[PDB]
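As a starting point, one isolated chain is supplied in structure tokens, in the form deposited without the partner chain.
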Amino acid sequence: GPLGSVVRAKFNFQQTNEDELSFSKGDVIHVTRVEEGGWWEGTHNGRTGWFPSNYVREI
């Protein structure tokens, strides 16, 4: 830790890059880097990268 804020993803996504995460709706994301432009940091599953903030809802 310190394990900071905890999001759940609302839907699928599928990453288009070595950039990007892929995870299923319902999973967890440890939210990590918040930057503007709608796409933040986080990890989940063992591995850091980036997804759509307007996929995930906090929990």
The other form holds:
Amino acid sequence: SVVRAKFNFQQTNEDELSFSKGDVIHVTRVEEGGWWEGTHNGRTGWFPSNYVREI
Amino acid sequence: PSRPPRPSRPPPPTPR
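In place of the form deposited without the partner chain, the structure of the form deposited with the partner chain bound is requested.
The complete assembly is shown below, putting the previous chain first.
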């Protein structure tokens, strides 16, 4: 449930989670289809699963 | 507490 951002991701709404390359994100929900939910720096939202790598 | 729905849009491609 711990992943590291491979790329920057810029949220397009407040359902989505922004992060920078190298940020550590904690996965809160795994679904298939290319989107996971996670939390970073007190915010929770969805992000592309192929934008991160498991630690 | 209510959680955000999974995006309906397709996941974006990784930056090239």
